[PDB]
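S.K.: Produce the entire structure from the sequences given, and follow the hints as far as they go.
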Amino acid sequence: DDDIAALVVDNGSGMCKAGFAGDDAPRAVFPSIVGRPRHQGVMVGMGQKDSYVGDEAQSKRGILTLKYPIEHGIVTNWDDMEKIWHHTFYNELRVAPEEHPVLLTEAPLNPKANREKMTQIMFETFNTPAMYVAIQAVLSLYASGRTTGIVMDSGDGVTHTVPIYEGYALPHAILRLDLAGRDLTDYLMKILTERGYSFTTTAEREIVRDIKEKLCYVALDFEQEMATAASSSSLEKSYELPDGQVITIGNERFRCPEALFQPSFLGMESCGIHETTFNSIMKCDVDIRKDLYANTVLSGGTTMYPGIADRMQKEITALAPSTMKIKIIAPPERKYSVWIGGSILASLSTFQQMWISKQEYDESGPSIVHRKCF
Amino acid sequence: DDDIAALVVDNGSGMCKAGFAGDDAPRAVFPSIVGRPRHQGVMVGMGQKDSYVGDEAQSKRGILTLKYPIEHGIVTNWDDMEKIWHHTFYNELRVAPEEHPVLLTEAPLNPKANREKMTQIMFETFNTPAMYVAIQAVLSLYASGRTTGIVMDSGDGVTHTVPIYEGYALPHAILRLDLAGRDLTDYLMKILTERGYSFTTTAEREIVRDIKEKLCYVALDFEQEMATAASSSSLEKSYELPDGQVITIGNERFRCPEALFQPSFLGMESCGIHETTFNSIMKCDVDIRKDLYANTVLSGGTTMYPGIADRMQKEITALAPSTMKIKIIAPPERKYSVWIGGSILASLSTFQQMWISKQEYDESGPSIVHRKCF
Amino acid sequence: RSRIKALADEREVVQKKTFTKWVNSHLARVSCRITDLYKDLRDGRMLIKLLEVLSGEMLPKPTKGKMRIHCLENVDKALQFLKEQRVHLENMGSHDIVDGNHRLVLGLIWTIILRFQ
Amino acid sequence: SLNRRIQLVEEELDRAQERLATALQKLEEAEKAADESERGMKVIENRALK
Amino acid sequence: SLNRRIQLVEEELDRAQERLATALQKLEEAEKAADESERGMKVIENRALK
Amino acid sequence: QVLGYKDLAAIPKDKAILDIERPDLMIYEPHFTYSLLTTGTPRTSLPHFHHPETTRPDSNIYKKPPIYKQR
Ligand SMILES: Nc1ncnc2c1ncn2[C@@H]1O[C@H](COP(=O)(O)OP(=O)(O)O)[C@@H](O)[C@H]1O
Ligand SMILES: Nc1ncnc2c1ncn2[C@@H]1O[C@H](COP(=O)(O)OP(=O)(O)O)[C@@H](O)[C@H]1O
Numbered sequence: 002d003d004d005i006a007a008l009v010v011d012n013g014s015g016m017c018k019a020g021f022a023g024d025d026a027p028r029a030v031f032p033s034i035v036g037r038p039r040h041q042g043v044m045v046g047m048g049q050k051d052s053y054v055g056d057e058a059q060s061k062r063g064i065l066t067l068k069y070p071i072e073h074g075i076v077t078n079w080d081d082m083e084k085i086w087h088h089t090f091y092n093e094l095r096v097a098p099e100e101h102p103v104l105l106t107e108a109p110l111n112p113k114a115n116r117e118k119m120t121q122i123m124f125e126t127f128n129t130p131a132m133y134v135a136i137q138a139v140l141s142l143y144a145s146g147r148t149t150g151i152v153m154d155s156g157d158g159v160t161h162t163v164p165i166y167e168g169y170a171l172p173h174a175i176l177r178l179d180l181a182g183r184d185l186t187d188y189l190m191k192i193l194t195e196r197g198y199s200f201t202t203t204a205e206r207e208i209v210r211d212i213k214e215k216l217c218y219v220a221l222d223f224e225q226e227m228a229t230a231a232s233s234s235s236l237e238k239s240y241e242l243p244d245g246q247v248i249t250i251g252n253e254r255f256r257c258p259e260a261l262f263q264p265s266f267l268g269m270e271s272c273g274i275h276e277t278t279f280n281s282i283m284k285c286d287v288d289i290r291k292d293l294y295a296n297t298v299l300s301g302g303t304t305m306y307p308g309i310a311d312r313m314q315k316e317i318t319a320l321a322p323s324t325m326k327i328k329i330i331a332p333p334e335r336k337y338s339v340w341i342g343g344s345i346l347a348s349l350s351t352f353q354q355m356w357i358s359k360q361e362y363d364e365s366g367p368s369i370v371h372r373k374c375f
Numbered sequence: 002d003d004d005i006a007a008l009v010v011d012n013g014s015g016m017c018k019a020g021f022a023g024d025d026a027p028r029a030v031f032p033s034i035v036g037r038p039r040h041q042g043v044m045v046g047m048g049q050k051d052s053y054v055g056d057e058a059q060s061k062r063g064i065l066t067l068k069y070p071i072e073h074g075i076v077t078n079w080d081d082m083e084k085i086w087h088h089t090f091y092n093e094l095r096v097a098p099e100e101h102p103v104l105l106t107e108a109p110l111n112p113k114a115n116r117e118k119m120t121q122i123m124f125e126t127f128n129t130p131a132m133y134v135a136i137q138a139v140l141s142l143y144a145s146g147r148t149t150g151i152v153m154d155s156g157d158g159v160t161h162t163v164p165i166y167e168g169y170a171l172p173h174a175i176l177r178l179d180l181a182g183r184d185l186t187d188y189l190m191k192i193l194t195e196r197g198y199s200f201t202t203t204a205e206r207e208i209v210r211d212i213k214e215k216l217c218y219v220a221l222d223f224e225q226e227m228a229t230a231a232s233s234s235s236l237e238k239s240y241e242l243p244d245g246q247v248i249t250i251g252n253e254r255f256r257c258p259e260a261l262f263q264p265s266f267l268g269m270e271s272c273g274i275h276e277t278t279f280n281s282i283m284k285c286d287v288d289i290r291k292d293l294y295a296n297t298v299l300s301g302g303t304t305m306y307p308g309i310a311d312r313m314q315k316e317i318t319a320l321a322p323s324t325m326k327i328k329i330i331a332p333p334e335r336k337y338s339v340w341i342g343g344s345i346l347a348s349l350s351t352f353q354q355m356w357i358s359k360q361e362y363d364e365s366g367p368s369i370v371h372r373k374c375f
Numbered sequence: 042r043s044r045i046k047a048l049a050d051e052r053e054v055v056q057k058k059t060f061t062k063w064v065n066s067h068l069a070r071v072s073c074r075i076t077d078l079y080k081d082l083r084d085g086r087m088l089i090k091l092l093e094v095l096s097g098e099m100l101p102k103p104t105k106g107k108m109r110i111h112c113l114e115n116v117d118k119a120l121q122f123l124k125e126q127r128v129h130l131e132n133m134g135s136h137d138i139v140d141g142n143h144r145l146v147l148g149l150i151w152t153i154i155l156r157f158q
Numbered sequence: 051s052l053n054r055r056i057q058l059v060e061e062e063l064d065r066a067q068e069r070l071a072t073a074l075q076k077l078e079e080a081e082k083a084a085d086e087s088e089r090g091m092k093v094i095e096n097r098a099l100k
Numbered sequence: 051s052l053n054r055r056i057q058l059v060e061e062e063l064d065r066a067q068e069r070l071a072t073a074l075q076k077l078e079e080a081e082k083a084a085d086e087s088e089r090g091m092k093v094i095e096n097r098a099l100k
Numbered sequence: 037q038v039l040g041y042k043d044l045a046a047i048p049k050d051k052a053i054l055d056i057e058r059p060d061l062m063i064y065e066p067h068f069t070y071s072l073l117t118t119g120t121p122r123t124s125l126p127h128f129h130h131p132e133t134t135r136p137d138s139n140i141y142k143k144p145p146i147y148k149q150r
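Line by line, the protein sequences give chains F, E, P, W, X and 6. So the first sequence is residues 2 to 375, counted in the authors' numbering. So the second sequence is residues 2 to 375, counted in the authors' numbering. So the third sequence is residues 42 to 158, counted in the authors' numbering. So the fourth sequence is residues 51 to 100, counted in the authors' numbering. So the fifth sequence is residues 51 to 100, counted in the authors' numbering. So the sixth sequence is residues 37 to 73, 117 to 150, counted in the authors' numbering.
Hints are supplied without guarantee of correctness; some may be wrong.
Said to hold, decoys possible - Calculated from the model, a selection of chain W residues having no Cβ within reach of chain 6, i.e. all distances over 10 Å:
(1) 57
(2) 59
(3) 95
Claimed, not checked - Computed, partial: chain 6 to chain P, Cβ under 8 Å:
(4) 38
(5) 64
(6) 65
No lab work stands behind these hints: they were computed from the structure. Ideal Cβ positions, reconstructed from N, Cα and C, are used throughout, including at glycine.
M.R.: Given below as structure tokens:
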């Protein structure tokens, strides 16, 4: 065996994951933030750390200003991304980047300057021998185990749907929506003010994200759920803040995820995720719709709410003709699916011809990634 | 004619104002302070009085503990607010409360319970025929006389900006910041200790508030103002305490209002008021930003400092693209503008179908205010 | 069994063994030896000795104190010399070494290994 | 000498109390996991019969 | 008086230690019960899936 | 790269993903423990507040008496 397996790096807006090719699991999973101290520090002899990256930034949220380098799938600031990649390579994996190829993922519809700068940074600074760029939903379909279906990926930055039939992707039916978990977090921060709880700064935003992850679910019938919540207090949960205070949310629990299906709550005019999937299906041809109906795959951390699969199945069945069969397939491991199939893509013997070599980059500049990738 | 003027009551964090609908100016203006004695009473034979309300508390503040029933736009002590409203109705206006309708204002984002309590006390304890709860920024836009614009209102307890285009408000762009004149007074106390003056008790809080009202201004350029104040003693003023001592305010005249633009002085992470207005404008749609730039409206007493409009215009002009007009509209009578809006709101012919009747309250409880009020 | 943690830990133990064997191989030149990589790097003296042996260049005196901030000083001196030798380190602090973060101390040892030889 | 004895006894006792507290909270997590798994068991079995 | 403190703190330490021990034993038996429950869940899952 | 690069860094021998058949029926960490401490729905827009009611069209609301005086 050649081994020398390529590093698989999944860089999204929410969390960064990294591991070795051919493994069932990523080795390192950590939030993608960069923090800097904001208070004047007076302790001489105390060690000075300029910035905090990763989990130890999350452990010291009190005296830091947390910044996200990736917003809606676009790398806004590049020095923070360089720091994140350096910490991923040298501290979390303990590998030398010169000895391995790497495989990165991105959203379908992104500015090409993002991809060009990513390739240029990965070659010039880290001296990788080869690197590849892929689309996350294709790797999700790899990890699902079928060659035909429609992938509805929803990360923390962007939610996109692609159809693939027999290994052929239709780019004119690819749909991208800028509704994701960060908008839900901001909406939760807004609607938590009604009960008197106030959260403003970034550490409180992380606490609100924890509240959203712990206590949220999607209602099957929204109006009847609202009537039930208003009638009695049978749906109420209590969360404990890091300072010992106990808050009660109650009615809000199913109101935060409902903004996924009704974007009019946030002021957007766009349709929900179910209508986006339906329109992406009907943008395809006639005969392939029956197969795409039976292979709808969910992915991403945003699709981890309880009861989302039944709601999506009901909405699609309401939208679709009655005689067809709707089957929403949702793995219990969708949260890592974008990583998993990527490892499979690095395990293939054919894929060794798909790497962008150092010689090709030197010969053709940083624009070779448009011809080589997708 | 059987048309009775409805009372307009503006209840803010600092002062309470009250008058009749259709009038040019409020009849009564008095501070919202409830005081109680803190010493031994030995002169037996004098009358005993448990609580001091309004200007009576301010005249005898030397022997009282002054408490504000409303802090940060949220009322906490309900019996003190009952005393304030009752003194407004019976001693400052001398009207029967059960004859006239009333109109009340509040901050945009607040705990949901307050409105309900504000209904329940008003219908039951005072037996008014009808009432309505409005939002202060909309009434400021009424008083400005224009249908479209962006209103920034900063009182003694809260700051909020709303955009309104052609009468349609955008609720997802409404911004609330918890920075106001109370924190500026506290920061003035904290920076006045440098010169050697000590102010601790609540009477000293009133004295420091008076000093801030008389001898403060906003510098157009902060660094040049600091350099000029360090270069010579031309930028110095003198104040006389009620004891008869003389203090020299010196450098601290413009450092206190500068905290409105750089909230890092107070330890807050949030941005300044100018960036708040700019972010509220950029959160709106593309086609209405040009009209929102030309119609910026200032409001509230906290915006009363000299040199505030020039600094606001310069900062927003620096932030905005260099093509469009930046016009800051600040009426001279801005401190009362919210109340003036109320006088226009209760005089419209169509507003008589907007009152919340006692019959509807009896039918649907105190939760009717969420359905019938914005 | 939280398979992420299992894979990370089984890589972790073997890398710790190999790193401490290499560290003992260089640290046997002077009459020094470590038995646990985690506890012995808290004081900051062993790092200074290893850095002096590998670089062949002298270092400032460690402070002979048993306080917490004395340990912080002793670690910070070694990290300051590493910053003087063009070695680039993100989020690498003295308190991270003192309280004993596993990933950060392993990354530090790996960085010295890749920088010097 | 006995005053020197006091403080180390107290410190050891405090550490033991901390270990006991973290053990208790782990215990309550385990019990909640158990009964949640129980009704999940029941509903899945019901679907199988249907 | 200071001997009297020594006596009371010794009582407290001994009781706290053995309470910690019984908490650990309860933890262990609950954990292995959870393992039995999870195989039961998995096998009825697989039957329904087929 | 003493002892070789590949021996210093414990790069895995084998591909564990190749052993499993269906990645869909996989869970890394076993379960989730939480302890307390027809037709489709049409889209809905937010209500207005500038007019009293739309209960009956072609109605002149200025002719109607005020609500509070109806006793
Ligand atoms: N258990 C959970 N339940 C509900 N939402 C979750 C859960 N875990 C994570 N999330 C949401 O998913 C987001 C993480 O998505 P993720 O898949 O990591 O994005 P990406 O990997 O594309 O960067 C978080 O912002 C969080 O809001
Ligand atoms: N002429 C002035 N110059 C500077 N500051 C003022 C002036 N008048 C009032 N203020 C400040 O404004 C505050 C009063 O705000 P106000 O407009 O009464 O809010 P609200 O009406 O919501 O109670 C006072 O605390 C005072 O500090």
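S.K.: Now tell me if each hint is right for this structure.
M.R.: To see whether the hints hold, each was checked on the structure:
1. For residue 57 (chain W), the requirement that its beta carbon stay farther than 10 Å from each beta carbon of chain 6 is met, with the minimum near 34 Å.
2. Its beta-carbon lying about 33 Å from the closest one in chain 6, residue 59 (chain W) satisfies the requirement of being farther than 10 Å from that chain.
3. The Cβ of residue 95 (chain W) sits about 17 Å from the closest Cβ of chain 6, beyond the 10 Å cut-off, so the non-interface label holds.
4. A distance limit of 8 Å between C-beta atoms decides the matter here; for residue 38 (chain 6) the minimum to chain P is near 7 Å, and the interface restraint holds.
5. Against a cut-off of 8 Å between C-beta atoms, the interface hint on residue 64 (chain 6) holds, since the closest Cβ of chain P lies about 4 Å away.
6. A hinted interface residue such as residue 65 (chain 6) counts as satisfied when its beta carbon comes closer than 8 Å to some beta carbon of chain P; here the least separation is about 4 Å, so the hint holds.
Going through the hint list in order, the structure satisfies each hint without exception.
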